[PDB]
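There is one chain below, alone, in structure tokens, taken in the form deposited in one PDB entry.
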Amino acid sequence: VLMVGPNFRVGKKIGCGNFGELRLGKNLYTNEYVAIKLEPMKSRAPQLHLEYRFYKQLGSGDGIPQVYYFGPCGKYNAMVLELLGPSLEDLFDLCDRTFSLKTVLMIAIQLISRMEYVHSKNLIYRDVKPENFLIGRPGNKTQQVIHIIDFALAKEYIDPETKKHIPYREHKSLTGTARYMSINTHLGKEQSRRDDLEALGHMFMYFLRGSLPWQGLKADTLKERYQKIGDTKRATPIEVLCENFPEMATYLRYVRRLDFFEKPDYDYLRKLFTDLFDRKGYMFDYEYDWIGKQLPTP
């Protein structure tokens, strides 16, 4: 009998995490399923209200989920947003944890554009991981579109007061997933646009290889674990990380060498991948590896 706002019925748990809970919802007024992200009001470290402001700042973008509502819901703050499909991580599992180059390239082309969009709205994303990239709903007009989701860790990298790029600094506690995060993120540096692009590169390599060569590093503290992973990242030449994928190596070398304040050349990066895509005789037809598989649905 729980409701969010005038018209959103809260249904079954379709997920949870440190963030709180994901529920299937229904807009009763429109007969449409929605996703309802719930954060306990009692939360130390609220991030749902921030995230809602980020989405409003992103506005309606290609591959940006629509957000319908922010408001209270029993002992939770609730954000009603577009019900999307499976994550790239869930899809990766469906596809035996390797994607074809065609798939990774279709993903990468889209995601460079997504990131560029986020960046054009003066946001850095700072939580690149396969779990935060969702296809649209099986059957929907956007099932083929890779969406970017979860802006809880985002930040305005252009200060709205000054309209200047945020300053460089270090001693930043680490933001994002260890596996994909930029080398500079490991070093406690302020993240900027480069770091989102580098994280994507890492994730692309994950998709292509099946794994990254710094997965499963154990340490006694989370700080030591992050440190070892970043050490391994620094110790692993792009040449061997991206062996057999010359354009990924080029992408990764480029993003890693970006200056803190530097506007990435997204056109260049897209073209590395679109020129590759074309040389391989791939057709951008959204025939991803997971097409014709039974996709999980709430």
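Residues that one form lacks are left out of the comparison. Numbering follows the first chain given and starts at 1. In this text, rigid core is short for the largest set of C-alphas that superpose within 1.5 Å between two forms. Compared with the form deposited in another entry:
In a core superposition between these two forms, the Cα of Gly139 is the only one among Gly210, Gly139, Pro72, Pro160 shifting by 2 Å or more. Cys16 shows a C-alpha shift of 2 Å or greater between these two forms [criterion: core-superposed Cα displacement of 2 Å]. When the two forms are overlaid on the core, consecutive residue runs of 3+ whose CA positions all differ by 2 Å or more between these two forms map to 15-20, 138-140.
Switch from the form deposited in one PDB entry to the form deposited in another entry and give that structure.
Just this one chain is shown here; partners and other molecules are left out.
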């Protein structure tokens, strides 16, 4: 209908993909634009309410969009959240699908921290991809901040009653994004903190190279395609994938070698990147490759 909750006017379909799942909204009470995620109540695979619950568990955080409302909107459930800027994928395309090392480091430094924050709230993310990292909007003074969105695939990796890390197990069906997922995800292993960080590594390399070497693989079934991609990830030495980027190689073999239950040393990983960053004479000034270009809106 026209409205979500007391005060959010539902506007136009925005973004690409979606199929009507994302709308511009306006808080009429505050004169502020918002994002409205819509999910048909009839959905055979509802994710929006579990996503909302993950956001509540995350709480208020750096680079975590504010969530304003969850509730019904006609024959949809709606989640009203902070309107953010373009995704890293949008911005990657805008920058001819390569980012400079400086840009990738400024992103990486933030997203290690972004991931550590998620992990500190007993969540694993499990959906790393450039599309789920958005800059803010100029209006919010957070346009420089890389935000993380899309927690539908997240999982509590610390059992809230037992306070124990989730058990190791396998034969987990593959669903996520094949391109960035960890080698262990490919093998059907339960994802843990290491996997979010490894997927980050892959994405970092994607940004630096402009592509990953398993990116073009096709198969008659999803399972075969996941298999071939995982096979290629296993067959591609880190040294080769991360040629010219030794710290990336170091990051990637460290996160690859993490035990299932292990707390990553986020400090260590950040320091690999901030040491490199300083060594290259980069200044952390948020002058990303896309700055000065014509960004998509909202």
